[PDB]
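Heads up: the structure comes next, in structure tokens.
Of the protein chains in this complex, all but one are displayed in their positions.
Read from first to last, the chains carry the letters A, B and C; within each, the first residue is number 1.
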């Protein structure tokens, strides 16, 4: 347990006050992180804007080199970092190390994607004959200062997924990790520091959201806000952003539509893996099964068999189901479970809770009057909602305020594509669980699920603008 | 003078209350536009969302046919529409007709640009070997209901520049013109009505900002806000946008940097043309001259002689300088002229005001102490600021809160490019006035100049999103 | 009614001292004559084209597009007039011939709008080495120069315009050499461009005997690009005569229809027959061999047989499904394939009949790969059904062909169909539908002997443009 420091203008800085961070699964004290003041935030942003001029005028090759070096150090330190990440957010140990490796893969991919950035030459003669000698040389430029806010459930992966695309394009960056997860974000920062990233190009901010939460987002120095977290926090960010560009990755309630001709064994396998991965603490998780009545009984029984095999225990033992992030999270999940039971749902697996470790709960015969049909639990509970027509399944799917992803299980792929067109989501996975991977694919959501398009090349594009130079050929 | 009506769900609807419109130059009564209630706004949006489903399922070529017919109708009625448009916002008669013709060019170009919408196919094997059989089919979709808000100084051109890109992409649209400029916006709507646009696919809103101003923007049926107007109004819109995507075309203070090796006569021609067009009531217009001392005196003389040749009079006579949009506008410009005179600027041309018809005022020896060096006048007044180094011109240029376009006048193009890379603007014009065109080129502004990227293909991309369908090849 | 037709040369209409009489293949009716150009007259066409190139490539895209749109308008106006003669010249159904002219106008309009929004690119030296971070490349599109467009008899207007309009929008000049059978239809298409006001020499035509100018028009150093549709052997020859100059070749095919056990057999049969016997099978893109899993072969053969029996057999003016073949050699060849299959023991499910060069549609079942009909492109109304017992065997037999234009897969398992498509050596695979070139914005290409280059509108434009790079250092 160390006293961790922020990276500020090439230096490691403590603050007057600090926040002690405990392992959710064991209460073990892991260390402290600084409680930055609003003025300390100003200093970070000031250092970053000063470094921006020299950073954006480097070559793409040179900026890519730092990112590649940082990714190499992350791979080297994957076990060290993953061990601490595992404790900090109660994530299975092996899964935590895999998160660090995936972050390195994304950083390397972003570097090589961004370095081949291309512009366009537009012909005035495409629009009016009199301007045929006028051409526009359109080149990309960084937006400036990117504020990256990562989430507790991917405190390294969804930090690097923001940082690396921003840096390659010439942006400078300030990372605000979640307090629960700030140790992991600082451990990611060290790899960038050791890679030699110039002073102020990349910095970190830590503190409680009461002191600095709104402040870091409102600050006029910030040119882009890239956030992953809860919908209510993300909606608040949208207001404070003003005219500034944003990327928001918010909640989800992904539907898994199972038609009558589906491969029920494949459906059940994917639904359980996607729904209960990391105890259901993921935006891109199967969170409601919309199953045609004719196959519902059998599908529910095969899902139940797989849920009962999920291990329930501690992160260090690589348990499928680990304790939730904090007591409020599990209290909210328990309330949803109770509301379903009170309204008549069938508990195919039994609710149990020891501390914040909730056993995986599978409900059948869930109806739309139950909170569990709509509210995102961020816990290990899955509702099965029976439907009688595919039109009903589409309407119930679309009635959700969320629209991140959806799955369609069916052997009729032309019909599945037609269904996909009508779903109000970013991505539809056919005969597979929802997921944001592979990380080159676009990742986005409709409605309250957020704004902007992620995925590596899409993040790069989102965090750049264009500069047009127009002249007349003579 | 007639009673004008809003296009709502295929019918021309009146309101209980109405607003009488008068020509700003003559006081002639041109007619009345409806003063909608919030309930009538609700009905407009309900019609749009109800028409969205059928509209988005049409083929691209079917949507393009409506736009082509609307543009053909505008060309037919260009004289008729321009004649009234000239009265409504005191634009030169010939320039008003040219606006309508240009709008049709944009509408046709948008139709053909958008109908060739392509998707992309991404390989899971680009990122990891285990996903080589997984591919993503990424296709474009509309964002939903687009609220289009046009400006008084281009009430047709910068209405159609938003409507056509939206429509071709399968969005539905509600056009909120400015009250002064609503007749022209409704005349534009007639062209779309006569083209047979399905009921609810395109609608108009008119009314008072105090009743429906914020209501139309914050309404939850609106999925995209596309606005051109003043920077304080745009800032208000960004706050009300929340998470929803926006496009804002706000103010400008475009600088014209004139170096020592410049063609001073050519610079003066372009500077005067760009600065005093439509009496300076344009966001993209030379609004300040940053000239090196050595050539300042000769440049000022060449600019002065050209300002003296500008005609000053009534729109129907095609005067270069016409009466400003309203008395508040002229009052504000008079105050900037007075503040510069009182601080010691040399008026190379005489300030004369007759009603709201202000004569073109050219100031020399302007300094950063004066309001005219920074504030956007939206009137026929042009400051000349002398600088000693290129670094000083760049610093003064970027110190503005606006960053729309810039002009560089020089014979050294490699140097001009290096300067353009440092200017915080969307577009840099070499040896030419700042201008929005050609309409296929990107049009964007940095800082308080707005958000998002316009130009035809860029507009279409902004007002679409993507839908990814992922599946495994077997 | 048998007019004497003229070539469009540098804005003028020119006869030649000798001529070639064109006869209707279905009736023998004399339709007119076309000039038999000398090599010296070809020289004049090419000299006029290169002269016009300088002023044509320097027009704006908008100006070039306006000419194309006008020409397409005129084609739509005269679609009945032109289709009436096209039908006679190549013995194509009257309604089909008119539809060809309409489809050509749609391609021309689409090419103009596709080509005018062509874009360049800006590349960063700093993408590759830090020392060149201030060096940028401004890359803009340019035409290749003079494009020789050679159209085919089976689409003498459609696959003339598919070359002319993409070439013209990008700033190329064009010379159209139709086939003798199809030259009248090509000159009628030329009328529309002339009336559209296309500048003198920007678009020209050439007609003549192959023994006089056949190789000459290709070997001429004035030609910078050859865009050809026709037979494989004739296309192979052009490949040698082209030298280093770029080419596009649209040659023959032997498209396979793979029918799996889970396929909708009735739908598969409908698509197979429509694609196989359209225009009497005289189409490079067309189902020319059914590879059917044995479990469903009997039912599929029965479904196909009943449709083939319903095909009409008659004259172009009657819009018969099966019209007379292009000439006597073509019909003899088809009869030879029919006789080899019969002699080797194939089952004729429909009756062979021949009146002149009008061959009735022949469906064969139980075809084996020792039969010529299994491999050789007939360009006639005959279709073999070949039974297989595994998908792997169907893939091997499909890929053993020297042709690789398109393939159809009929199945309800689309993930599997995609895996099969990855292994098929073809340009395009159609799922639960017949092979086809359309829609004309899609890519159209063949592997192996089926051709060279990628067509479809935007792809055809890219093939007939090059790049001009301007590199400078920012200071």
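We adopt the following convention: a residue touches a chain if its C-beta (ideal position, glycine included) is under 8 Å from a C-beta of that chain, and two chains touch if they have at least 3 such contacts.
Undergrad: Which is it among B:25, B:138, B:233 or B:300 that touches the chain not included here?
TA: For the chain that is not drawn, the touching residue is B:138.
Undergrad: Out of B:4, B:66 or B:127, point to the residue that touches the absent chain in the complete complex.
TA: If we include the chain that is not displayed, B:127 is the one touching it.
Undergrad: Specify the residue from the set C:127, C:306 or C:368 that touches the hidden chain.
TA: Per the contact definition at the top, the residue touching the missing chain is C:127.
Undergrad: For the chain not shown, which residue from C:192, C:276 or C:421 touches it across the whole complex?
TA: Candidates C:192, C:276 or C:421; residue touching the omitted chain: C:421.
Undergrad: Tell me which stretches of subunit A touch the chain missing from the display.
TA: Residue positions of subunit A that touch the missing chain: 112-113, 116, 412, 414-415, 417-418, 421, 440, 457, 471-474.
Undergrad: Please output the residues of subunit C touching the missing chain, sorted low to high.
TA: The missing chain touches subunit C at positions 58, 106, 110, 123-125, 127-129, 132, 135, 137, 139, 235-236, 239-240, 242-247, 249, 414, 418, 421-422, 426-433, 438-443, 445, 447, 449, 451-452, 454, 466-473.
Undergrad: For subunit B, which residues touch the unseen chain?
TA: 58-62, 115-123, 125-129, 131-132, 135, 137-139, 411-414, 431
The definition used in the following text is that only the chains that are shown with their structure count from here on.
Undergrad: Please work out the Cα centroid separation of subunit A and subunit B, and write it as a whole number of Å.
TA: 36
Undergrad: At least two other chains touched by the same residue of subunit C: list those residues.
TA: Counting only residues that touch two or more other chains, subunit C contributes 117, 413, 415.
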